[PDB]
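Presented as structure tokens, the chain that follows is alone, the form deposited in one PDB entry.
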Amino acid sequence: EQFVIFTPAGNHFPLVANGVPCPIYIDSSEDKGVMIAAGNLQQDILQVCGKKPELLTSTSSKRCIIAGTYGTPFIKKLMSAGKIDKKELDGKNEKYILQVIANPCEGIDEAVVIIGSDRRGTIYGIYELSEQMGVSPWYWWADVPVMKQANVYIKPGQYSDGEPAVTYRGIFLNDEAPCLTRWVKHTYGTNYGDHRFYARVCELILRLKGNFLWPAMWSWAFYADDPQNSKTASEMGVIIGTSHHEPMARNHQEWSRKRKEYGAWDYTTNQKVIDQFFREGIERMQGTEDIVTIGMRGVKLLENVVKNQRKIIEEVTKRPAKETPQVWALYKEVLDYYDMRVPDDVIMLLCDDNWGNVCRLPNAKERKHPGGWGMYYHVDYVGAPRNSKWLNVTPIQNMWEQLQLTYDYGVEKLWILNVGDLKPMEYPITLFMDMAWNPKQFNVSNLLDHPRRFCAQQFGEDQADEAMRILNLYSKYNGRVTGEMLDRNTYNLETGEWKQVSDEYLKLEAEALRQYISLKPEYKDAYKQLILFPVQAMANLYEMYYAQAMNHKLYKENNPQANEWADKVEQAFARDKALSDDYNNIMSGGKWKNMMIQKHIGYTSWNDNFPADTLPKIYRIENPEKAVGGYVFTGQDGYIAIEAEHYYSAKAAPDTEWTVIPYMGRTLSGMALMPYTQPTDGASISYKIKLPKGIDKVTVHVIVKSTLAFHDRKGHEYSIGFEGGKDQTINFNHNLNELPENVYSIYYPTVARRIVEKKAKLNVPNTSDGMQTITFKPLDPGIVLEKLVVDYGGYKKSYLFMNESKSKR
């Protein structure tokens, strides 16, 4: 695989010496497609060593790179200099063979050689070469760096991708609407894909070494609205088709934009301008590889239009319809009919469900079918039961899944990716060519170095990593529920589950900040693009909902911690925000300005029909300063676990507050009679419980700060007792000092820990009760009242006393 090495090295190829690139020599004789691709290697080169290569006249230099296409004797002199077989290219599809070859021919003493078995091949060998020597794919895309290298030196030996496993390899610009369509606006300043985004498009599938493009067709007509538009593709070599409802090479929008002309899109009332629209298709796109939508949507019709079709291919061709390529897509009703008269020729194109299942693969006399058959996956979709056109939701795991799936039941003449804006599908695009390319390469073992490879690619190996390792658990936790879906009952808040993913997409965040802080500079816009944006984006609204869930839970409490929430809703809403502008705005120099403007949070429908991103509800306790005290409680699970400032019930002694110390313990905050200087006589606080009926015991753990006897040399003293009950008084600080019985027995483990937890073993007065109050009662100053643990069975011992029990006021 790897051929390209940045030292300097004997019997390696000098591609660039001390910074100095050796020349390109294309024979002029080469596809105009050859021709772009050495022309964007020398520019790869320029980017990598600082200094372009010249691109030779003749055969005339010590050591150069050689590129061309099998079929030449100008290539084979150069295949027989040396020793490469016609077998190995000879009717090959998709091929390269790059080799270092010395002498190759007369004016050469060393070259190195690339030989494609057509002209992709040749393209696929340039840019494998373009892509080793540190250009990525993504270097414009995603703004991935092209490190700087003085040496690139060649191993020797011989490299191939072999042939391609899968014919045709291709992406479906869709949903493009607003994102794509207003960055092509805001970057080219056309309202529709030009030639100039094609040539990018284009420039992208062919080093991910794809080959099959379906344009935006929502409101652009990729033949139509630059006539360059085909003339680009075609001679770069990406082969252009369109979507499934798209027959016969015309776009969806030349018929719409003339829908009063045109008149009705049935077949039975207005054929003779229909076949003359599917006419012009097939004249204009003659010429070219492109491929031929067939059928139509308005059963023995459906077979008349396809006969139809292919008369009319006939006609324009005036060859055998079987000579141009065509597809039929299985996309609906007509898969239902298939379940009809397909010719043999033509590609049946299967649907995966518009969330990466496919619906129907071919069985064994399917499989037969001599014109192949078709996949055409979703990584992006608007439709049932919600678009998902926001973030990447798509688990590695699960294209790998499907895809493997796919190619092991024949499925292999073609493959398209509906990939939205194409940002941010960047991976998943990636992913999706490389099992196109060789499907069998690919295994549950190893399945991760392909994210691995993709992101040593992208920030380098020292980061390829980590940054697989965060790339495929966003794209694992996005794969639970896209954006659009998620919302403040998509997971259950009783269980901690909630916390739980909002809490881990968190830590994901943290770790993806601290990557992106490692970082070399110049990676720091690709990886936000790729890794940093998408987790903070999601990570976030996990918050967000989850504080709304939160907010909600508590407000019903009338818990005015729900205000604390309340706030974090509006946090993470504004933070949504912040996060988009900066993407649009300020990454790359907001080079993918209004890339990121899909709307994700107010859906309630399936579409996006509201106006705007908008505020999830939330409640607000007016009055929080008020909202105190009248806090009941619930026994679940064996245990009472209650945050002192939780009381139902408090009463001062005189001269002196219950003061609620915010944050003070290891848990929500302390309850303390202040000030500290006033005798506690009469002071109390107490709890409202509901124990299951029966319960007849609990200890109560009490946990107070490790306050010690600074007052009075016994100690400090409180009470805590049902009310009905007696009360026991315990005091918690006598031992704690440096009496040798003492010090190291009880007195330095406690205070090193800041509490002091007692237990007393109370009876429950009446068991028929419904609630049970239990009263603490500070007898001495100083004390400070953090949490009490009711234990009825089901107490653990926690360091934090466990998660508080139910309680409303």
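Basically, rigid core = biggest C-alpha set you can superpose within 1.5 Å across the two forms. Positions refer to the first chain, counted from 1. What changes on going to the form deposited in another entry:
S80 is the only residue from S80, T604, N443, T495 whose Cα shifts by 2 Å or more between the two forms, the rigid core being superposed. A displacement of 2 angstroms or greater separates the C-alpha positions of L739 between the two forms, with the rigid core held in common. Core-aligned CA deviation for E54 between the two forms: less than 2 Å.
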Given for the second form:
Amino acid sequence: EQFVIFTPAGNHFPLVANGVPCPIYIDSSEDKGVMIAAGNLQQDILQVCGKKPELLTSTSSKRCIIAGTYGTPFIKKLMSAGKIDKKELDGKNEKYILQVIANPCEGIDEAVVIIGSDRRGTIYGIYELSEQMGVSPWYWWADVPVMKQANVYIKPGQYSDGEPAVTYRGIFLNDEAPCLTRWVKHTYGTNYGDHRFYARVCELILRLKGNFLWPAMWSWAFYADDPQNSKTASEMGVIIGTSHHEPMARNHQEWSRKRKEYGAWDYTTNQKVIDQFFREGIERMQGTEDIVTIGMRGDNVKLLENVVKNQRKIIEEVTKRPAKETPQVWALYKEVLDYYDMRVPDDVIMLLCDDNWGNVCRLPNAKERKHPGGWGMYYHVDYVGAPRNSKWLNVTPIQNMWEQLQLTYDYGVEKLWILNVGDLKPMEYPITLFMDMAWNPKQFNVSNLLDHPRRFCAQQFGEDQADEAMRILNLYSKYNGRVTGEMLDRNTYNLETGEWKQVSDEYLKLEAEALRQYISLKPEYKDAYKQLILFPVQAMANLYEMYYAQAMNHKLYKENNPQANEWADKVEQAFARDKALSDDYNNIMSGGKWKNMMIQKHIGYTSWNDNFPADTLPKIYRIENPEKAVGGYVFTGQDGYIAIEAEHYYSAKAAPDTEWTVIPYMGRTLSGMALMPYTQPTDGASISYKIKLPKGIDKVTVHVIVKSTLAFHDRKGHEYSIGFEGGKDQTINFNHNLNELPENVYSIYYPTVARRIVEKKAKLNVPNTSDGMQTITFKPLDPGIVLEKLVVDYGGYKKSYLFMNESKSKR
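Based on the form deposited in one PDB entry presented above, generate the structure block for the form deposited in another entry.
Next up is only this chain, free of partner chains and other molecules.
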């Protein structure tokens, strides 16, 4: 299926040789659609080789590219002379055959020859040649650059994508304010989508091998905003439709814009105007391949069957042809689905719908499977509705989309697949997976699934970047699948179990890995990578840290712990950084080409809809007078252990001329506590910790971690006592053996001081307090002792380099 090589070879056609492209010939009996594709091919080749190939007016070159459509007299007298059999394109749908051939017609020696089964086959073939040459369908829509080549050669043999398994394959631009609309404003100057915009949309669709579009309908009217809209799609080869709730080829806004004049949307009071409304739409779309939405809602099963009948009679009257000859779609959404369980005319495409969240609701049984008109599926990657919007980023696991669409195809649904793509961006990858599956759902299985994004990343970022990029794409997709950014908040994950820490840290790890890849990019890929990997990863990693930080702020605040203050700072930074990321995306990235494409509000949802005016700061509490909020900690032992950071003491008594001092960051974990200054004696000085232990425990082992200070004042060493109030003390010398004497030097000395701490264990007795509360007092007996951590082991301590996670506390 790969027919382009970038190095010369025998019995291969020199399309581009040593920087010189052969010309292009399109016979003039070819639809305007082919001439466009061919003009784009011409520019695509200019992109790859540097020199513009000439669009021939006649058969005036020895080697060239020819592209044509089956059924032409010219193509017939080429297929005939010769070799290419008729059966291979006769009555085939949207197929092409691409084949190097001598000697195609008199004035020519040899040519690469693309022949379509119909115009879209021919267009699809042209773009295949263009894509295998390195022009990604996303060269404009995602700034993917064109890998330059001095030599392009085409393999011998016959090359096809066959027939598309799904008859109509398209996208729906929807939920398009404010992002898409304000982008279109910035780019085109228009308060609607005009033909310049839709040319861009149609080309993407076609280059993706797609063939269908539901144009934007929230505030615009495709048919009525610009006479050239229809003319543009129809001449290029894109079939227009309208959404399930816009019957008879009228755009919903055509009615709304004139609500006051036309009156109610109700068939039992305003039938005549509505019939005329329907009628004018069917007239407007004559001579396009457009598909017609039937049915009606709002403002009995009998009433509806009668609307359809009338709609069909209106179709018959305008077309002067039986209804069955106008493509029609009827949607099974809401009540109309219940009704179905209802007389539906044989020829109509019956359109099923997903649950708005990527899971299919209902599929046809074997009896329904043989409904002549076929079945369609309406699938979502964006959504405005319950339980909360998903308007912001891509939230679709590659696996989900895959799993539900192979199911859909397998249950016979193969007439029409339409994907709600929001603002188009940032759904570039899921769009592509949708089109490729729509072409052939049986080209995929569990084994090879991830090859598709691998190809995608190879195509978007060069082969050397493909694997790493694909890994990041697949993961970020999966992470975003867990919870949308709109429904993410401080409660989504479990703080207590370290779940929230694990998912925050993991997303930041991915951010790290995406930045590695990003700075390793040849600069002409930086934009496409930011758009398709870097930004979604950065934006959501940052969001996750924000709510993580919000969660920590609340837990800590309720614990009267002033560490809440730092977590508040963090919330504010992430909130700032969120706006910072999108400003880069709108104004800086790609020269600000995509201004307004990333302005969707997502922080401040207290509801299903984005009712709130702007992105707003998530509630944070600050502890007043942190400097003075020290001491008072009480720990609650759990899982057989109490890990305590020196600083979280209950009460403390200093020696005269000393102040117990917090040395932040000191040691392996939180901080160090030390009597200061070091010149004064430590007599009478103590520091205490309040804990709850299960009652009955009478003997515990306590680990005391101190900075590995050496015997600097006195050859004996440093000593301290550790003990329970109401129990016997133990006095420990921790550094007497820590010196260069032969029996200490490599046995105990250096192995200790390299690792900067001294840990000693004490087997202490615990008094029988009736409420389980205990107080452990530590007394430094010599100067310059820095206490870092205590661990009360009562059966659960597990030897850990940082001496286990700090236990539950409050002040």
